[PDB]
Structures are given as structure tokens and as C-alpha cells.
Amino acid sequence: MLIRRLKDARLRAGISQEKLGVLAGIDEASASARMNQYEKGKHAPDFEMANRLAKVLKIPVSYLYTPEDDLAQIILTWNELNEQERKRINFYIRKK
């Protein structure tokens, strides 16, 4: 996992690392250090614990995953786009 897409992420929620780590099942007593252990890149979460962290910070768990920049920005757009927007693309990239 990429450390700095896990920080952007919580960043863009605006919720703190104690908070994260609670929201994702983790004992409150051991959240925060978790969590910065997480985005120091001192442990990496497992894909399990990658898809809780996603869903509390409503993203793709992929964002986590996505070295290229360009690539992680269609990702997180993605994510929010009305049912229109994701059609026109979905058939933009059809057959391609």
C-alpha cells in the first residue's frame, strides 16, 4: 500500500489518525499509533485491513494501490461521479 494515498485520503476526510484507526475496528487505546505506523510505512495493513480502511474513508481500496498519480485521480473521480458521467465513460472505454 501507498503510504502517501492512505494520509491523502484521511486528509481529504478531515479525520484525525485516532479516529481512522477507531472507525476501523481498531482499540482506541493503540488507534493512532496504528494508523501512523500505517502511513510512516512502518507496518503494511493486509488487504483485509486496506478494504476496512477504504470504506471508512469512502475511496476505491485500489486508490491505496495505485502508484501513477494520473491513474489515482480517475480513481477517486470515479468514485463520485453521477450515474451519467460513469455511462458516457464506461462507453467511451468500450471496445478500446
Contents of the next structure:
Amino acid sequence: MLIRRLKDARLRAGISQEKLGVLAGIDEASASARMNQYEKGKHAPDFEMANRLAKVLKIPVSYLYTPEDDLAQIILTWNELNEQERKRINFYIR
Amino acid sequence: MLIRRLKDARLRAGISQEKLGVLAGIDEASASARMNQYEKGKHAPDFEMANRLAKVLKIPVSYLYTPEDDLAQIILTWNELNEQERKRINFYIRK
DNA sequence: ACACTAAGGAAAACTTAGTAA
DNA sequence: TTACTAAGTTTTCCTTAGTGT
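Having looked at the form solved without the DNA, could you now put up the form deposited with the DNA bound?
Next comes the full complex, and the chain you just saw is listed first.
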């Protein structure tokens, strides 16, 4: 998991490390420590946990695993598109 | 990491589990077991390893962590596009 | 409040060994 | 060959407890 992506999206959601952990299912007495290790690169959440985090952060989970800033923005933008716009991007390269 | 993405990409690259592991720097005696566990969901590789797999598999790594099939397809296509065509999509992905 | 950290106990991965398909 | 697993160690994470910012 990329810590730049966690941080950025968390800031954009405008919440603390701890409240992110709490909203994602981590006990209040571990949330702050755990989310900080995640965000400072000390440990990695498992994939289940990153899914909960992403839901909480309102992003597609794969955004947290995308090193390419351009592809990352495409994923981000694709997240707010409707099936109309999403399909028209589908055949857009086809 | 999503086991189906790993499997589908490994089969599209046309190599076996063991060979993929060896090309990712896993000792040849650990590779078969280790890649099999990854692809059956017994165990999950770390992101550093996932990056090495993607490189072998000639894919963007985040493909392996995309549950949405339509986003995953978008990722693969973007993958194959050259630098110039990336501008075109980028321009459209804006505002 | 919020961010951050070492240290231990707990959990999950890696290596080994070997069996089918 | 290629796919796959149980076991025990290694490695990593999760919890605690608490400092700094």
C-alpha cells in the first residue's frame, strides 16, 4: 500500500488518523497507533482492511495501490462518473 | 490481493506459477509453493513482491487490487496505450 | 487533540517436504 | 511438469503504553 495515497485521500476526507481507523472498524485503543504505522509505512493493512479504509475514504480501493499518478487520477475520476459516463469512457479507446 | 487477477494475468502471460515466482526473485525451491499459495488465497504477498509480479506480468500493479471488473479492464487498456494516447484520455478525464 | 513510537504478544507469511493431476 | 498442501519456523502485524507536537 502507498502511504502518499492513504494520506492524501484521508486529508481530502478531512479526518484524523484515529477517526479513520475507528470508522473502519478498529478499536479506539488501537486506531491511532495502527493508522499511523499504516500512514508512516511501518506496517501494511491486509486487503480486507484496505477495503474498509477505502469505503470510509470514499475511494476505489486500488487507488491505494496505484503508483502512477496519472492512472491514480483516472481511478479517482472514474469513481464519480455515472454508468452513462463510465460506459462512454469504456468504448472511448475501443 | 485478488486471486483471480493474479491467475488471469499469469495465464495471459503464458507462464506457470513456479516460473513467475522465479522471475520475481523467489528461490526456485520456494517459488512453486509460494506462488501457488498466492494464487489460491492461502497467503497474500507484500506490495514489494506484488510490484515484482506485475513487472513480470507486464501489468500495472493496482490491477491485482481492483475488484471492479470494469475498472480493471480500463486499467489494462491504459496499460497498453503509448505516451501520446495517454494525453488524450487525460484530457478527457478532467474538469 | 493529534501524530508518532518501541516493545511485546499475536497473527500471518515463508520454507520445507512431499503428494497428486 | 505443473499444481497444490500440511507443518513449523520466520517474519510481520496488532496491542499497549506512553512521549512529543
